[PDB]
Amino acid sequence: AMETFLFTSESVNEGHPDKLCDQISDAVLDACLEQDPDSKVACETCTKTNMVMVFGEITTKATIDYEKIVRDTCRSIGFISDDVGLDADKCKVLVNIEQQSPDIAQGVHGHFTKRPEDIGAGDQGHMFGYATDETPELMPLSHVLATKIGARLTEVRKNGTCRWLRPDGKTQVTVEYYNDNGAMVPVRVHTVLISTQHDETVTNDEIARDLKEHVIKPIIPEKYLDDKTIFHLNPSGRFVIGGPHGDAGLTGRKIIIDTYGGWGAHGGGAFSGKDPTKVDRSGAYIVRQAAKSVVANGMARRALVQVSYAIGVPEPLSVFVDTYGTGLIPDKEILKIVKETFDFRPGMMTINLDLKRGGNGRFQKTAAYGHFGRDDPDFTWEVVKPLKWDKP
Amino acid sequence: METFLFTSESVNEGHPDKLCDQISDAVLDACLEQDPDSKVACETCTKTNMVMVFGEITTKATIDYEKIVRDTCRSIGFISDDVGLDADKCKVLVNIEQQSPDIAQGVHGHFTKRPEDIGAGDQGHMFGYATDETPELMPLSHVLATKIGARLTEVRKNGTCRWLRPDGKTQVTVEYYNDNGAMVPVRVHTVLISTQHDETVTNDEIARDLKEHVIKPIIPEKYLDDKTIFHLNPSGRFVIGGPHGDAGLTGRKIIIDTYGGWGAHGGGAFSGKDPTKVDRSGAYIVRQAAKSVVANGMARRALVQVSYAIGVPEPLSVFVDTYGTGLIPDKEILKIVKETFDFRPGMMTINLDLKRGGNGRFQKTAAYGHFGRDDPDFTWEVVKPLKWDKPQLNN
Ligand SMILES: C[S@@+](CC[C@H](N)C(=O)[O-])C[C@H]1O[C@@H](n2cnc3c(N)ncnc32)[C@H](O)[C@@H]1O
Ligand SMILES: C[S@@+](CC[C@H](N)C(=O)[O-])C[C@H]1O[C@@H](n2cnc3c(N)ncnc32)[C@H](O)[C@@H]1O
Ligand SMILES: [K+]
Ligand SMILES: [K+]
Ligand SMILES: [Mg+2]
Ligand SMILES: [Mg+2]
Ligand SMILES: [Mg+2]
Ligand SMILES: [Mg+2]
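Listed in order, the protein sequences are those of chains B and A.
With the deposited numbering, the residue at position 365 of the first sequence is 364, and numbering never jumps.
With the deposited numbering, the residue at position 40 of the second sequence is 40, and numbering never jumps.
Honestly, the hints are just simulated from the structure, not real lab data.
Among the hints, erroneous ones may be present.
[Claimed, not checked] Okay, derived cross-link-like pairs now, DSSO-like style, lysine-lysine, Cα gap no bigger than 27 Å in a straight line:
(1) A:335 to B:227
(2) B:222 to A:157
(3) A:67 to A:364
(4) B:157 to B:227
[Unchecked claim] Computed beta-carbon distance windows for the label pairs:
(5) B:384 to A:200: 44 to 52 Å
(6) A:203 to B:60: 25 to 33 Å
(7) B:33 to A:360: 22 to 30 Å
(8) B:49 to A:379: 48 to 56 Å
(9) A:201 to B:237: 54 to 62 Å
For each residue, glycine too, the CB sits at the ideal point set by N, CA and C.
Please put together the full structure from these sequences, using the hints given.
Here it is as structure tokens:
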């Protein structure tokens with residue numbers, strides 16, 4: 000028998016209270032950038048029963064309505080009554096937003112005077128990019144399936160297929176994998192879990208039926224489902240209270256759901272609410288582009304890339320490439336090609352990925368359903384770069 | 001000798017995110033001291049002149065959340081607007097409710113489920129990691145960044161560097177060699193420190209004092225050489241700091257809390273959570289498992305994943321990988337792990353004594369990492385003997 004192992008990833012949909020915060024933070028960023036592309040934004044959000052607070056550091060020429068951005072974001076997600084766990088028109092909106100520290104501003108951007116090539120990293124830290132040939136979008140299947148199931152769970156609520164749904168939901172997929180000389184080859188889906196908020200009109204048997212038929216079966220390729228696949232469907236047995244009423248939310252508390260579902264690696268930095276001088280976001284986006292380009296150019300079946308920075312220093316402190324033994328040329332050669340092709344300086348990454356463009360929900364769209372593996376053209380870091388190499 | 005560069009960072013107890021982790025766990029400690037069965041999901045945030053604690057607590061404890069906040073800030077050194085937050089003058093906001101009854105019924109039956117029947121407090125997945133590259137079975141990049149930050153706090157509190165303020169960050173790039181899947185440190189390539197300071201010190205003095213008093217005492221001499229790069233307060237001015245300089249939140253340092261980018265992370269934060277939250281108890285048990293695999297000599301490195309569904313005691317999946325370093329097959333290590341560790345949350349809670357708080361039990365975890373610590377309160381660092389047939393023995 001084939002040797003296999005089990006790997007699990009989860010997701011949450013746009014109504015989860017932490018994801019609500021990510022989306023509000025990015026809605027604030029979008030609003031700032033639409034009026035002032037040079038906005039310095041570090042917008043955190045938190046939420047609990049009938050309360051949202053936006054807090055952090057914004058230096059902008061924009062005139063912003065923080066309250067309206069909060070209410071508008073809540074409304075689009077479906078938080079329009081106390082019965083669904085937050086009412087956009089009732090909740091108290093608190094604001095604690097100040098200009099960026101002048102001590103940070105002078106060292107990072109010289110108070111809006113540094114040229115792009117001289118812009119310092121907005122902070123220290125490290126960031127990883129990952130790609131794998133196991134799906135067409137070059138993302139891990141466990142992550143892709145959990146994420147797409149959660150997006151479908153939102154879609155069947157909004158389109159009237161499952162009218163009993165409420166906004167807050169989570170998903171989890173256990174994939175049975177084969178290791179093919181370091182490449183990951185999915186075999187089957189071992190376990191699928193959904194926990195979704197619901198109204199008082201639906202039985203648990205109806206929830207289970209409707210989740211399997213309307214949400215799971217449309218998303219998981221048939222070749223990965225069999226009679227042994229385990230289903231956990233609303234295992235708590237009651238999920239009527241939800242949203243911020245059921246669970247406090249914060250920005251940047253879904254960073255593995257935002258990235259690779261536990262595959263690759265994570266350096267710890269959150270994405271939402273941050274302008275592109277924050278290398279947590281621009282640097283993670285460029286190393287996704289790099290890892291994805293290595294795999295898409297056929298140089299490897301899987302790739303991991305690390306970059307690291309120091310506040311106020313344009314050039315990265317370190318870069319790493321690992322192909323898990325799948326590279327067709329040595330990893331040191333791939334590192335050389337990556338370092339010749341990608342400009343890791345933040346002012347450069349910002350321009351090369353058009354990251355000062357907000358509005359029409361540019362960043363808000365990234366703040367649910369993952370930052371990576373998305374074909375929307377606003378996800379500029381998913382565009383593959385041609386790499387110069389001699390295929391042996 | 002082919003090498004690669006791997007970087008980890010840390011922050012010390014005065015970083016605004018870490019201040020939030022410590023407040024969250026100070027709240028947990030206070031609840032558990034009086035009511036070991038407290039249900040706690042305490043989030044904290046902070047910005048200029050403001051701390052908010054919020055979330056879900058079901059406790060019999062007689063608690064003043066504002067006092068816990070102010071005491072925790074005060075103890076870290078946030079005693080004035082000049083250092084970035086005044087523990088005694090700042091606004092303290094509280095938005096704390098009982099746990100959802102819909103969660104309470106499914107997880108613990110409103111305090112009626114026996115330990116073996118307690119459901120996971122949530123879904124999710126968690127990873128544990130160990131590596132033989134340090135005595136504490138942790139990655140060197142992480143250990144060095146973490147210990148440098150701890151020393152950065154120590155030299156402020158002990159009067160070695162009087163110009164220091166509480167908020168500081170560190171970062172270490174280690175040059176590594178791959179020995180058949182085992183990680184062998186070669187040298188430290190780059191060290192970075194950014195620390196808050198007063199107006200009395202020049203950048204030359206900061207660089208000197210950080211190298212001589214903070215870095216050289218921590219990094220083994222064998223890893224430093226005349227090519228090691230030092231970035232010391234590269235921004236050039238860090239006088240504003242703490243919550244005044246940067247908003248903080250609970251659970252925004254989850255890689256600093258764990259393995260510094262090594263191993264893997266399932267995304268769940270630790271601080272502010274009672275042990276029915278498998279984000280904390282499950283991560284602690286899979287650290288104990290990975291550490292036990294390496295400490296028993298069964299592998300040089302090990303990664304363990306576990307996953308859960310809310311309301312279900314038994315995990316949905318378990319994975320073991322030894323990066324090609326195992327001395328028995330990974331499938332056999334997985335079998336031994338499953339036979340040795342009880343992954344059910346009510347069981348993990350008792351086996352790791354996780355309902356004991358007070359005397360700073362959990363607050364001590366909320367800075368300087370949850371793993372690789374020798375304090376006996378870190379019960380998940382105790383190695384379990386594992387039963388296996390060592391290849392080098394007949395018996
Ligand atoms: C289970 S709550 C986390 C722990 C919680 N803070 C506590 O007080 O125990 C985490 C997420 O699970 C979901 N959730 C909320 N209520 C639930 C319920 N009754 N059953 C299942 N999942 C639920 C929501 O997506 C929520 O944001
Ligand atoms: C650089 S701030 C993060 C970005 C910030 N929110 C903004 O508005 O740009 C992150 C951390 O860096 C540190 N920091 C604050 N001010 C700094 C400065 N002037 N120089 C270097 N590091 C600083 C503190 O530890 C702070 O919590
Ligand atoms: K929470
Ligand atoms: K922040
Ligand atoms: Mg959360
Ligand atoms: Mg960071
Ligand atoms: Mg932070
Ligand atoms: Mg979680």
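Right, here's what the structure says about each hint:
1. A:335 to B:227: holds, 21 Å
2. B:222 to A:157: violated, 61 Å
3. A:67 to A:364: At roughly 18 Å apart (the allowed maximum being 27 Å), residue 364 (chain A) and residue 67 (chain A) satisfy the hint.
4. B:157 to B:227: violated, 31 Å
5. B:384 to A:200: 44 to 52 Å: This hint holds: roughly 49 Å between Cβ atoms.
6. A:203 to B:60: 25 to 33 Å: holds, 32 Å
7. B:33 to A:360: 22 to 30 Å: violated, 47 Å
8. B:49 to A:379: 48 to 56 Å: For residue 49 (chain B) and residue 379 (chain A) the Cβ distance comes to about 39 Å; the hint is violated.
9. A:201 to B:237: 54 to 62 Å: holds, 59 Å
Checked against the numbered hints given earlier, this structure breaks hints 2, 4, 7 and 8; the rest are met.
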